[PDB]
Every structure is written in structure tokens, then in C-alpha cells.
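Excluded from the complex is one protein chain; the other protein chains are retained at their positions.
Which chain is which? They are A, B and C, in the order written, and residues in each are numbered from 1.
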């Protein structure tokens, strides 16, 4: 029987998770909790400024019908303690609100029929897994984190390149699309750079590179650090890794190592672009990272720069649902 | 003695009102209520992605020092009933939060030293005045509205052109910069077009043209209607009036009527651009409307199109403080 | 046999015309003249920042293979007098360069196998036709113009509404995406507003409304005028008609007149949006105009505002190829 999931929260990631899950024959979306009105939820699923149009219908009983998920119950309850997925018999919650990113907070979902929660973000005190990196270490934990979109792009690359050449240290920059955490126009924010108009500025902002890699690749965590620069694009981001290796490298040898991994251990997760594409070309791409083959470069015997694209909404959401399928069966 | 004002709310309009008021020798900003931390408030006053840099300092006692307002008390209380401007002896509140846009709601400010409130938006059941249009009809009301930025641009023009040529009917479109009411990326909104990414789309949205003009120009209210189109610019808007008159008009005669008004009854309020400028050129302009002289056109004997720029933040904020000065002395 | 066309010029309109024509079973694109290198042309056909990805292949003999056009000869000759489509046996040229927009200039294509030219723009001294408006008046002219994208949106609407209610006068504004005629950053231009950065500004610019309507709807030409405002979107535009009629109108009656026309005389040309969409939703739409049903409004007995979307690249290009099919058979 298809795995019975519910999506909590219908902003960018929840909307993308709905669309992704609707296309998976082994999944059934049995419920969605949204703070939007039903008709507005349907409208947002159907029409996306970046990703285009999507088929979705309202059944006669006012459940939704999307892809393989023909009977989706729509809820609207912000209070996680009042929220009740029982009428839908949900087993796995995809937690996409941004408001319960901790073990303690998301553990409130564990009641009634619900067995497991996957949090769409780094989460305090929560077992963290990245598909293709450390997901096989999963051991029946009931609440897990799928890390960040940047960690999903960078951890595969670090694992591949460490296995090939042995990472001594690396520095990461992500040139990253703006998100709904940012401000349209200059106004209060906890981060005084994210305070500033997102569409007008280059905005350096921390990202917890060292700590994230430490969770999924413990040996590499102390060896890497980095930051983000938010820029005026609405979706698709670019990780830029500057690496120092133990083994000597060339542009060609780095290219070959990455291509080999895409054929083998990272098939479906990492890809290679040899066509000289730009960010908009990767809208809706399902990969965690798409290496920019022609821009790989080396200097000295031991250093390389590797860039890779990722659709920070869709690649991540594909991984969320990959992880739901994995933890249900393992 | 300078008029003692306090600014409630420090988003776009509150920040602009602070800067404007700081430059008026007849005003003293005695307090600001902000949900930002003090250092963040100071940072936002000083550095604006659109308007540039502004001088502002922190005094030794942690009041702010800005222009002619050398001793500004900073408060941080969201609850209007707990908020207390007494230590600053504020007399007029400039209400800029967007959360108390009604007579009943803003009347909560009327306590202690506070005599009057000016609301930075249309407000339910509230006496509404536009400077240069109907402000001389003010009659000591304690809570008033300064209408919208679009009404401040369009009502002067309608009054001028009606006086000259007699408006039979008019249709208004504003091509308007995005605001913080909009969404960065597609997500819930009460208005399903304002739901959609502000930086990516042309977004038709109602604006209550008929009702606003009815308040400030009662005879014209039943004769005009219109709408807004939000577009991907961060500031500066453009009103487009399509008018049908009783008297015959030419491009020249419309031009002359508008220019004459700028010399006389609308001096300092309406201006004329003869230099073929574009929207960015009007950042920080203090006028309610800047007519685009060369783009005036007529068709038939009786119809004209008139365009005018306005800085929807700064022109409006200049008027807010003009109105504070007026109601304090009248 | 399919109609043998060649596309001259591969900028925005030429690229779109290629894609459109490739999907028409009654057309064969037998040649393309491009100033790009072959591989770059193929790349531009395949990958579009706005319109997404398109299938296109290089045959073993280095002709292109796109849709129903399996053997497209690629030329690269800027000089219209040296350019020779003979090896491809082209019969109709779709002239998309922007550099030969006159009867005299485009008449240089009339040699060898070429019978007819359709110019992708208003053109001096050239018979002008808009599909659904006056195309049935075509009378075997060898060089014609397909007018502008704005005329293709506005002339259908004016014809519909005139037939229903009798236009006395109308004023048009188009809120229009930027085009490659504009400047990325402030620099020389013949139009000192189009000189200014396209992505940063609202840019009023003439458009020859009166003269265009005069060509296709002679009785209405003296009754209408208007202008354009270029804004920071890359594609999709919005026409805003403010009309004064002889017959009395209501919002409902205008809505009904437009809907009826879409079912009948403007089927496939004009459509109606009842779903409260925004500009990005109309990317790649084939219609000349998509009326915004909910934003129709009236004031007084005789005046209405009507808005309609159009994809200024794709709707226009669909019409270009519609006109090629029509003039080949008529």
C-alpha cells in the first residue's frame, strides 16, 4: 500500500513537497495542513511564478485530487497540539512550517496514527540525514531532520571528493536565491543584513556549514566552513567549494571523479552539466547538486574549485520525499 | 516650541517619517516605538537600500539624536494599551504600524499627554484629509487619516483639472512599486494576486479610488474609479488618469493648467517634470505628484491622459509631517 | 505540401517564431538566417530563461531538426543583398531582424524562390494586417507587416467593443515588459528614457497607437491614442484601455461582450481569464489578448476600463505564423 504522508505547512517547501509527492506512485498524500483558505491552497498548488502550472482538482467532497493522491484531506489548524491528522490516518508527517524545527517541538506531532516526522530544515537536537550521504545510518528514529538545501548540495560533493582525493580543508560559499525568510524592503530582521531589501542587494549571511557537515560527515565537519550570499534571484542556488586535498588533482581528474560518482553511488542525486547552462535552466531540477563541468579549476597541485547548481526548493523537496519513502521501508 | 510628535511603528513609512520629521525645525520627535532592537532601529534609519545613507547617532543615555530632534526616547511595546509615551510628553502620534487603521483602534493612543493621532493609511470611520485638497476643512478632530499615497497623488490632480475643465468622469490606474504588504515568493495572501512573487510579476490589485476621492472631493467620488498594478520596482509609483471633461482641452491647455497650479495653489505639493526623467530619478522627491509634462495627451475634444510620478514612501511622509504641523497650529 | 518558410534574424521574435513554426504541421521551416554561430543558435533555441527548454537537434549534415521541420538549412549572412535562400527553396520570409522595417528595405528579399515577406514589426509604407482584425482584407500583397505586439492585443479588443457599444474615444496604456531595444544600464539611446536601466525603472515611451489603429481599423484611428510604460519584467505585457462609448455599459455587459467574442469571431485569438492570474502565468500563452475578467470596471453610463494580458513574444509569434499560413493559402 502507498505510504500515507501528511504535509504540515504550505509555503515554498510544503507546496513543492505536495507537487513532488503527488508524482510518486509509492506515496499517498492523505492530508495537508495549511493556514491558507482551501481555494487559495489549490490556487498556489496550481500556479507558480517560477515553476509554472500544475494540475490539481477539488473533489466533490472538497478533498484535493493531485496526481496519485486522489483523496487529500485539507486541514487548517496552526496549533500543533490541536492539529489532528486522525481522519486521514497519516503515518509520516513532512514538517514544512519552519516553526517547529527542534526535536521537542516536532515531537508534538507524535500522537494518534503518526509514527514518524521528517523536518524540512536543520533542527535542534534532532538526528539529521542527507540522502546519499548518511541516510543508510538511519536506525528507526521517529523524528529526523533533512538538513538544509545547501547541506544537501555540498555534503554529496564533499563525500565524493574526500573519497577520491582526501579533503584536508574546504571553504564553501553559496550564491543563493532569496527566500521568504528575507524582507522585500528594508525593515526589522534578527539578521541585520537579511533586514535589507532582498531583490536589491547582495546579502552575506551565515550558514552553519561546519556544524551541518559535522552531523552527516563527522570526520569532515572540523575541516570545512563557509557562508552564504543571498542575491536577487527567486530560485536556484550555486555552491562554490574551494578545497585543499592530500592527493594531487587536475581539472580533468576532478571532473572524472565527479562524473564517475554520478554514474554509481550518487546516481539520481548528483548530476553533471556539460551544456554551459545558467541558473534558470535548473528550475525544477530534481538533483541535490548539478556540477558545472567546464568551470572546475585547480591551482597548485592540491587545490580545486568546484561549483554546482541546485534548485533549493525542488531538489530539496525531491530528497524530502525520497527520505519519507526510505524511512517507511527501513 | 517645536511640536512634540511620536512615531508609532518603524517600517517603511515610519522610517521615512522619522527622517522627514528630523529635518523640520518646527517639529521635535520626542519618541519612537519600534519592534526592532535599538541598534537595529538606528541601523535602519541610517542605511536605506533605496534612499541612501542618513546621519543618526546614539546619545550617551541611549536616546537617539537625528537632525533637529536631539533627544528621542525609544520604546518597544507592541500592545497599544500598554504603550505609554508619557515620559516623552508626546502630543501628536504618527501611527505607521498598519495594525490600527480605524477610528476605534487608533483612539487607544488618546491617553496621558497625547492630544491627536494621524494615521498613515485610509482608516475605517476616520475623518480623512489630503494636504492641498481638503485639509483646510480640518475642524479639530483628534484622530484623522492621511489617506493613501495614491490618493495623495491623484486627488490634487483631480482637483486642479476639475477646477479648470470640469471632470465628467475619470479612470485611474496606478503603476505602483511593490510594498511590504506583498510576498517575496508565492505564498498565502488574502489577495490571491498579491500572494504571488512581487519581484517577478505584474499584479493587478484593487484600490479604493471611488471611496477615497469621495472623502476628500465628495462631488468627484461618484465620477471616478480605478485600480492598481503592482510591478517589480522597490519605490516610486506612477498614476495614469484618463479623464473626460465638460470643457474642450488640448495637450497644451492641460499642460498650462497643471503648471499654473504648481505655481499657485499647489506650490510645494504638485510639480512638473519637463526633463524626461524616469522613476528612479524621483527617489526621495517630496512632492505628492510630479506631472509628466511631455506625455500629456488628448483625444477628441474632451478626453485627456495625464501621468504623474510620486515617491510613495517619501512624498507621503512629507505630507504626514505637513499635516502634523497643520493640525497642531489649526 | 507544407508551406516553405525561412526566418530572417534570431533574436527574441525570430527564436519564438522558430519554436512556433516547428509545431505547425502545415509549415516547413526550410532555412534560418542567424548572425549567431550554429551551435549558439541551437543553444538559444533549446534553452530560454523565460520560456524553458525546447527539443532541437543537429542532423548529421548540420541542418537543424525541430518538430515538423526536419531539415532546416542554417545561413549566416547579414547583408540582405548577398543573402540567398535558394538552396532551401524558401517561399515566405518571416523578417525578424528589426533592421529592414520598411517596404523598400524588405523588398530586397524578393528574389529567387521568395514570393512573400511578413515583417515582424510596423513598417514604413507597408500594408499592415492584424489577424482577426483586418487580415481578410489581404489581397495578395507581397510584403506585409504584422504590426506591433501592442496593436495585436489592443486592436481585437477595440473591434469587439466598438461593434458592441460604439467607441467614441479611447485612451490606451500598455504596461510592458522590457525588450532588447532597451539598455541594461544607463547609456546612449535615441529615446532618452529608454536610455535608462531597464531593470531598475518605470519608463514611459511613445507608442504609435493612433497611427496603428488607423491602418487596421481606419474608423477608430482618429478616436484613440495612448502610450507605453516599460517596466522590470522580461516578458508578458498588459494593455489598459479606458474607453468612452455611445451605448451605456455595465461591468457585466462588457464582460459578456468580450466572452461572446472569444467563443465566436475571436476564437483562438482573444481569451478570458477568470482565475485571477498574474503576468508570469501567461508566459508562452498563444493568445493576442487575455482579458482580465474581474478587473473590468465602469464609471458613469458610458465609460469602461478593460485590461488584457499578452505574451509580447509568443502571442505575437503565433500570429506571425498564423499570417504566414493565411497569406500562403489566400
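FYI, a contact is a pair of C-beta atoms (placed from the backbone, for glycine too) under 8 Å apart; a residue touches a chain by one contact, two chains touch by 3 or more.
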item	value
Contact list for the unshown chain, restricted to visible chains	A, B, C
Selected residue (touches chain absent from view) among C:21, C:44 or C:212	C:44
Among A:236, A:314, A:323 or A:327, residue touching the chain not depicted	A:236
Which of C:58, C:110 or C:185 contacts the chain that the document leaves out	C:185
Chain C residues that touch the omitted chain in the full complex	10-12, 15, 34-36, 40, 43-44, 47-50, 178-180, 182-189, 192, 195-201, 232, 234-235
Chain B, residues in touch with the chain not shown (by the definition above)	43, 47, 49-50, 52-53, 275-278, 280-281, 283
Touching residues on chain A - with respect to the absent chain	168-171, 173, 175, 192-193, 196-197, 200-204, 210, 223-227, 229, 231-233, 236, 238, 240, 242, 244, 276-280, 292, 295, 297-300, 302-303, 305, 307
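In the analysis below, only the chains that are shown with their structure count from here on.
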item	value
Self-contact between copies chain A and chain B, residue sets same or different by half	same
Turning angle required so that chain A lies on chain C, C-alpha fit (0 to 180°, nearest 5)	180
Overlap residues in chain A, where contacts from two or more other chains coincide	43, 47, 49-50
